[PDB]
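Chemist: Here are the chains, one letter per residue:
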Amino acid sequence: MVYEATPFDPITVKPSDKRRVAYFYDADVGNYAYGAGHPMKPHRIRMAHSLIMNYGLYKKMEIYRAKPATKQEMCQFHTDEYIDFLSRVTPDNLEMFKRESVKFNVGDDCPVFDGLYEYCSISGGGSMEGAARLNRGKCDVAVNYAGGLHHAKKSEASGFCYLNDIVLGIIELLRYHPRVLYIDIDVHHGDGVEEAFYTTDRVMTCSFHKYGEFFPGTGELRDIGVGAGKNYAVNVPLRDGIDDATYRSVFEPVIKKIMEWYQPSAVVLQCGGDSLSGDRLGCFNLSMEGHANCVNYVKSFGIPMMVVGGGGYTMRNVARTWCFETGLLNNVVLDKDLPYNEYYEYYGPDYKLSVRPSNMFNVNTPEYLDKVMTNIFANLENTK
Amino acid sequence: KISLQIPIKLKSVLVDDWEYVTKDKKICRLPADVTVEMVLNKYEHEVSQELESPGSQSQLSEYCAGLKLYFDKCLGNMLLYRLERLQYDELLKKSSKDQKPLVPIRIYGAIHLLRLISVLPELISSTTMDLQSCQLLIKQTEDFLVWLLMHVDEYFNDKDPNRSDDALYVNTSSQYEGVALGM
Amino acid sequence: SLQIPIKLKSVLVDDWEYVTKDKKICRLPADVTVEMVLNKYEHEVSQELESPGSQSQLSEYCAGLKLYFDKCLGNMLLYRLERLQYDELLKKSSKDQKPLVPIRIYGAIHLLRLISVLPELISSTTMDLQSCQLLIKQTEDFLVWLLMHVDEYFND
Amino acid sequence: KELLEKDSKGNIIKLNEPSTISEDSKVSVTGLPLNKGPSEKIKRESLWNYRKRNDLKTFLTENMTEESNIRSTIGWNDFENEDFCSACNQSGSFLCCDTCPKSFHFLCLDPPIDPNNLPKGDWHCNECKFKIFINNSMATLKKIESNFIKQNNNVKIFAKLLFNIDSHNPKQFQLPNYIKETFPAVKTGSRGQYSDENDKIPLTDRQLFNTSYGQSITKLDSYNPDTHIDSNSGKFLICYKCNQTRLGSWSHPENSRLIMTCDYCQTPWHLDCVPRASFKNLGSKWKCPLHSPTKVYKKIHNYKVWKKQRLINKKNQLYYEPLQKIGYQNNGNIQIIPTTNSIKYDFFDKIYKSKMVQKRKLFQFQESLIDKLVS
Amino acid sequence: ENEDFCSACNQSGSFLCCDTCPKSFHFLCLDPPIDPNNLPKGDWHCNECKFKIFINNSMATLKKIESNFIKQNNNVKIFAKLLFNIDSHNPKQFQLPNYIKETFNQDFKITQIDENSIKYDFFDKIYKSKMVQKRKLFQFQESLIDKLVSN
Amino acid sequence: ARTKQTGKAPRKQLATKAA
Amino acid sequence: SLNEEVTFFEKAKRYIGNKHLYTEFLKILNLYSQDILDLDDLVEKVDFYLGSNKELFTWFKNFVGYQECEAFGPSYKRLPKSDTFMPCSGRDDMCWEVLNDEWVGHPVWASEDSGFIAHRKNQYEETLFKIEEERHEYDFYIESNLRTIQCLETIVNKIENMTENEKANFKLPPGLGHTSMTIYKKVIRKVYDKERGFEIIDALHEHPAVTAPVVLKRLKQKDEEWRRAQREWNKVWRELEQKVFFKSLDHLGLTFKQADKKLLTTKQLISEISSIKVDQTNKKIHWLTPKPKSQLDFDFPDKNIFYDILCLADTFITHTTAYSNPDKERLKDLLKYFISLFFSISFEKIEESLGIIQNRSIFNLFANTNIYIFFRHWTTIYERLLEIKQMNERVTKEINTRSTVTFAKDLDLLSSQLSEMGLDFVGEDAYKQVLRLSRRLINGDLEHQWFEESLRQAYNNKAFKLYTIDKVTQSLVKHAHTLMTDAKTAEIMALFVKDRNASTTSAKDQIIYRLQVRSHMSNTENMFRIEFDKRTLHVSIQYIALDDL
Ligand SMILES: [Zn+2]
Ligand SMILES: [Zn+2]
Ligand SMILES: [Zn+2]
Ligand SMILES: [Zn+2]
Ligand SMILES: [Zn+2]
Ligand SMILES: [Zn+2]
Ligand SMILES: [Zn+2]
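Chains as they are written, first to last, in this note's numbering: chain A, 4 to 387; chain H, 2 to 184; chain L, 41 to 196; chain W, 262 to 636; chain C, 12 to 162; chain G, 667 to 685; chain B, 125 to 673.
Do not rely on the hints blindly, as some may be mistaken.
Stated by the list, open to error - Pairs of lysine to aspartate or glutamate residues, derived as EDC-like cross-links and limited to a Cα-Cα distance of at most 20 Å, are as follows: (1) B:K309 / B:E288; (2) H:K74 / W:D427; (3) B:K314 / B:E288; (4) H:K24 / B:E236; (5) H:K160 / H:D144; (6) W:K605 / C:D125; (7) W:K614 / B:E236; (8) W:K622 / L:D191; (9) W:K432 / H:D34; (10) W:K502 / B:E277; (11) B:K391 / W:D491; (12) L:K132 / C:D125; (13) C:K141 / B:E277; (14) B:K359 / A:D353; (15) B:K205 / H:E63.
Source of the hints: derived by calculation from the structure; they are not laboratory data.
Next comes chain A alone, as it looks inside the complex:
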């Protein structure tokens, strides 16, 4: 009696919740390519960014170019040898590093391109500078789409993620905030961020993810954290083809119960574009509206937050949804008609802002989601 089938309401901003928005973008972050046959493409950031500028959105926010992270700063979560290897490896001298290649998983899935250290530094610096600007009160919403590498771990690189910049952002938030809530709406499970904060009660990691034989396999419902972090790691397993109304009806009660139970002081929001419909690796059926209602609902709470974009392997959909997120964070709703950007040829054939959902089966039954949120709500009674 927890799950309620509610139709998807239209997205409405709150005029009484105006936030100072600091957007973080480095112009070099688009000039790194993972590989010739590779799906992760950082270029999707800048046509997101070109949609911000062309939408005039920038005006409503403060644009910053964050200082790139150094090796030691990087070692706030990762080990010295892994950061060294990341700063020292190039595609040229790959035959110098085979033991580190199997040790840190760098290779294949996470390839070795010669702008690896700079891309990781840009991402990490964006995350830490957004967290710093949240700490000092200079902004209420910190936006950094260059990061989002939530699959990286202490001494390995996985899931197209080398540096877990979200962990550094949460660490920098923890120096000024006692309780930090991380919400991962990526279709994959945030294994690195949840593993980093598994044994602590200061960080609560809620991950709405597909859990089947899907990557990374972690994030099962019984995973609730150990030690002092027991019932402080919420995993929401979902099946294929969840649509906007279903995702709203699972997201809003769980996040509401977290707010009124965990009561965090800061929020980090992994905005994965791979949870959209038509994604190359994702298997969800979320439209842009459905992806954006989560960010609007978490913006309605008024907690200082940091919106950080992660996955997304079809560049047009993730760019359009990131532009719509950034527009929603300035309490405006962007019209569904694109202005002229340089990358205008991507968004065919209608050239509108909307990402159309596919007509595939919403196999997430109400009974299964009712049981899942009943178990989650039962586990959440101990977070007072």
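Given chain A, put chains H, L, W, C, G and B with the ligands in place with the hints provided.
Modeler: Positioned in the frame of chain A, the structure of chains H, L, W, C, G and B with the ligands alone reads:
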């Protein structure tokens, strides 16, 4: 044809080892709380008392010393799986750092000794050793095995590494598993 | 591993002196027979035994005993001049067409004879480990229940 | 090729451009070089039909990007060798024996070789090194074996065992067959890894990646009603918990609830009745929530673990029936037997008698409890 | 074929020579107290000899018959193995035992159990656990009552 | 010392997002 | 307090059913009884065993005496303290306190050393990903070259307005004064040769005065050539995207033809009704003593849809050639008569649009498999068209108010197909248009692919269920043809005609009508009770196969 009558409790112990190393990817807590030299020694003190025959005492000491020398020489040759060979390498590097030669006899636990006992008939069948010596070696091995059964609850205990820090087995890291089974 | 108090040990060697060095034997109905002592045994211990499974194994013990006293009196629990006694008992049984069962004619003396011969006999054949402790615990609580009121049945 | 044409004093004059056409026609991901566009042979099927403003606000970014360094951590805080290892029989990076066609893993040797501190000259295996030492040694093998036997006088029985393993190349440990054959459930994987009855048959490449789009083995992308119907019986797979089979109607396929079968007892269970979100297609065999566990943890109040014994073949396994029925302290390893009227009434009377025993136990105590308070 | 003393009563007397075993018995040293001059004509098998011809000196038949005879009478079950030894015992006088004169495939055995006995031990365990927790709470209540009275 | 590969740098590519 | 105590075990045995499951239940009970299983684990196991039997599980809970940590989860293991001590130089006390270094998880451990299952994609989605791949390829190289051109031209205009006396020893730092260390290196190594790119980089760092302008000129030439190739590639990419994208976004509609061929058969329609009856009979013995007299429920809120289906049927009849003209007119008036007699619509409305129970409103049709399958096909078409009609006004307002963006009109990006040939839905009602198009698809003047493309473009792939409208109306026509031309089948119709025409019937009339219907069919065939209500037009279909016997 050389046959060994290993009791099925230690057979299940060896099969559980194989399960923990190859499937569950668990390695040995090294150096173990109960090592091989220790067990062999205890075995001797226990039995030596029972047997008074001095030739039997000499044999028993001969068998124990030969098992010690054979173990050390063979542990890194054919006694450990591919997953534990990186632990063997890091033990060798740690020993060479301290300028002490490595002695498997005192670093490895009794499960590797049980592996040696299990793999012993194949090694005996591969050398030109006469029938009476083979029979007496098998016989002392059976006495060691029936001594191990009475003490199976204190040398091979079952404990989850996720719950006990004093378990004989420890979980692996991705990095170890990677370097062990990737290159 | 069975313990028999001299209270019983003294009375069984005294009965041995009566059956070997003396012609005096037990009576033809043997005064109190075994059904009443075993029925009051269950009627106090099963009323003192707490869980139903304990009462279940108690019933079994007594019944088994009853069948063992039926099936064992003619083989082990006999002395001199008692063969002839059991002989005209079986000749009298065949006269009235009711069959020869040895429980309703005998007394408690060959019961504690049976628990006296019990531990050597229990080790003759193949037996469990813990079934032996169950049997010896049943014999011990039966004998201490006898030791509460020895003088009821054992007064000359 | 004289790139910088320096003067007589070393001053720079003019450089010559290198061969740009050396890699100007490299094939990109489009199948054509970046110098040229698409060819006509893809323009036939690419285009619909083939017959043989600059108001950008995206150049103002660099003016409004202010640097951000306000973090608290700013500043500082011949023969070809084999493709498999000769020790573990697995692929990977190998060190190759020179005078021997066997190749080894870098970690598989005695001692294991660092992948950066290679031997400078030639490397031989232990068997090859023993062969060179024998060829080198004038004494015949048996002479060296006898000399090692009399030299190692302290140990005689293991002396041949000590001697003959120096000739043996290092190998990964594998359990012998008679260790494995006593447990029929335990199998050996392709890499020599452990495998047992709680392991699925590995699905071949045809089933996962070489299926049609509509029919996927995940059974989540389409309405498949041929899963609620038993194949060998034709009846409906009734789920255990809900006691229903939600087949759907193909006009309302959202009313169809997904159902799987257990991999051991074939008990059908809905994916919502047991909280699951997949069909466990690969990996370990799925076990319905109804089976008895083979491993349990109990609190001491440390802890105590219990594991069920592995299955043993009928030659080395004997089943015994206890003589004691009530209270037989078994280890948990149990086997049930079939049942062969008075037992029901005997139970009934035993529960009855024990229940007034419990009642009188309560009464004989509560009277002492209420008689304690007056004193 | 015969012995000078009776193996049952341990004194000499009128003996009866068994065919295979050399032990002989008196006319009262048997499970029938056989009347003299009235023995039924035959080879005079004893109890052990009749057991040998009943089992045909073969193992597996006697194992399946022990299984059967333990099987039918479960009301004498804990004594059921003890009921065969009489049929394989030649009867004798009560020889008073010594302490009465004064003053590995077997490790992995699967228990074969029936549903009624599992049911009995389940009722046993729940009743024991329930009433030791009831008693211990009753003793704790009395103890706190005595402590509050004394304080 | 002659060496040869297999040429995959990481392991268990099967258990990865892009294999 | 006694009878349920002694009967609980065999009552639970009846409930568990399968002996095996009862064997494992007894194993669970013994494992609790041997001081091995904890009481909470026993409680949960019995909850999984007797969950639906509330009374029995409640009795077990209170009779056992249950009163309402260390849950590690399945995807995490604990490292020892030896592997934890790995130096992270940036960690102060707070990071050492709040970060977990002992509990880890991996995709390999979570896969149970088996792997992962990727999501299946269409070939249209795959070629969309290939188009996106080539787009990212061209744009990444062009934008990297443009950034290097910007940096190089900054250096060039810095070096132009200075003299030659200090131009000889003027040097450039690594990165050329930019925020990146490697982007210009990538551009140089791509544009020039592999072996010569490094030495050009060294010549640029040591002597930028001579190397920088020729490098900038090459890079600019390569940039303009790449942009020309990218534009005349972008034409191809845009046309292929317009050809592919809407088919790629269609998931169920791409396989709906084979799925509708496979699943809209007699066997599956019998399977659905039998499964619903099996569910009702299985849950009848547990609760719900008023067992319902119906299994399937159909609603019919709109009556114009019947005229639309009739128009499609007559369009197929006129188009087809495998049937004779008397058979064609018999199909026409048979369908019209059945629709006029079953429902409340009169024949005049059809022609102009194309214990005595007196004054009864509930009418029962007893049918064999043929009439049931024909009615199921009719309800399939009705629900498929009602899904379109119930959202017809919103999709009409969306199509009519389709404001295209300006720069696509100025640069003719938007597709022109589905227009010149008249497959868009602009200016007409969406539902009428669908019917018109369908009629055109039935008549054979319209291709299947263009019909599917028009439907998925107009309805945003929500009209995927109408891709096989011609096949299902063909099957409905065939089922009506076998409905009147089969022995022991047309007489059941005639009996339904007599039952519907003669109103004011008692219950005994319904019973004798039932056995008279049964007579015509075999004693093995299936009986279907199709109940129609004049009020609200609700149809309740009940499965009574071999029940009334
Ligand atoms: Zn993701
Ligand atoms: Zn070699
Ligand atoms: Zn190897
Ligand atoms: Zn099962
Ligand atoms: Zn179910
Ligand atoms: Zn005699
Ligand atoms: Zn005889």
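Chemist: Against each hint, give a clear statement of whether it holds in the structure.
Modeler: Each hint tested on the structure:
1. B:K309 / B:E288: Violated, at about 27 Å.
2. H:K74 / W:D427: 9 Å, holds
3. B:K314 / B:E288: 31 Å, violated
4. H:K24 / B:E236: With Cα atoms ~8 Å apart, H:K24 and B:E236 stay inside 20 Å; holds.
5. H:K160 / H:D144: 27 Å, violated
6. W:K605 / C:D125: Holds, at roughly 14 Å.
7. W:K614 / B:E236: 54 Å, violated
8. W:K622 / L:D191: Judged against 20 Å, a Cα distance of about 29 Å means the pair is violated.
9. W:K432 / H:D34: 27 Å, violated
10. W:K502 / B:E277: 73 Å, violated
11. B:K391 / W:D491: Given that 20 Å is the threshold and the Cα spacing comes to 15 Å, the pair holds.
12. L:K132 / C:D125: Distance ~43 Å between L:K132 and C:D125 Cα, so the pair is violated.
13. C:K141 / B:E277: 89 Å, violated
14. B:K359 / A:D353: The hint holds at about 16 Å.
15. B:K205 / H:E63: 39 Å, violated
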